[PDB]
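So this first bit is one chain, no partners, the form solved without the partner chain, shown in structure tokens.
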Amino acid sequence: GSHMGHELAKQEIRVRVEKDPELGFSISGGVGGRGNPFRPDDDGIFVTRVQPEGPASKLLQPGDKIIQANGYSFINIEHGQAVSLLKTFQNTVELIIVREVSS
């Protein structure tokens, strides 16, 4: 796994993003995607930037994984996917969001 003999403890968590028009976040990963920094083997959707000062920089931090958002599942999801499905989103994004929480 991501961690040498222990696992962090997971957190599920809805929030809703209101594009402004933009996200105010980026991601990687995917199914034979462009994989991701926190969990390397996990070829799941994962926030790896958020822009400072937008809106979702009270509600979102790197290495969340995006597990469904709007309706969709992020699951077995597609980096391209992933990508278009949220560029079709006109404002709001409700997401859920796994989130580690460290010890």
Second form
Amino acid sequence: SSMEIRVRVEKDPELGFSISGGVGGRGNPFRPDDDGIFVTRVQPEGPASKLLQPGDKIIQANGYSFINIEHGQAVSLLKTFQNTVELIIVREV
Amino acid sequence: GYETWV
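Same protein, different condition: the form solved without the partner chain was shown, now please give the form deposited with the partner chain bound.
Let us now look at the entire complex, which starts with that chain.
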């Protein structure tokens, strides 16, 4: 059902998706009872278009856990990597 | 914010 998937997104020039959630992020459109970070929109031309989909829950980025992370911390981390972000996501498959 | 682009 749920699986942990690894994808690597190349910045071009950013990752090309949006996130909602996080501790203090006011929730997410998918699992309201989950504090986690969720992919919310994916740019169709962008570097994440073949890799991520709305609803994916990011649990790790370049080795950093996204479990029990604040919205702003999650955003800043993703933005501060210059070139590539290896993500572990949880997806309903 | 609710939704933030990265």
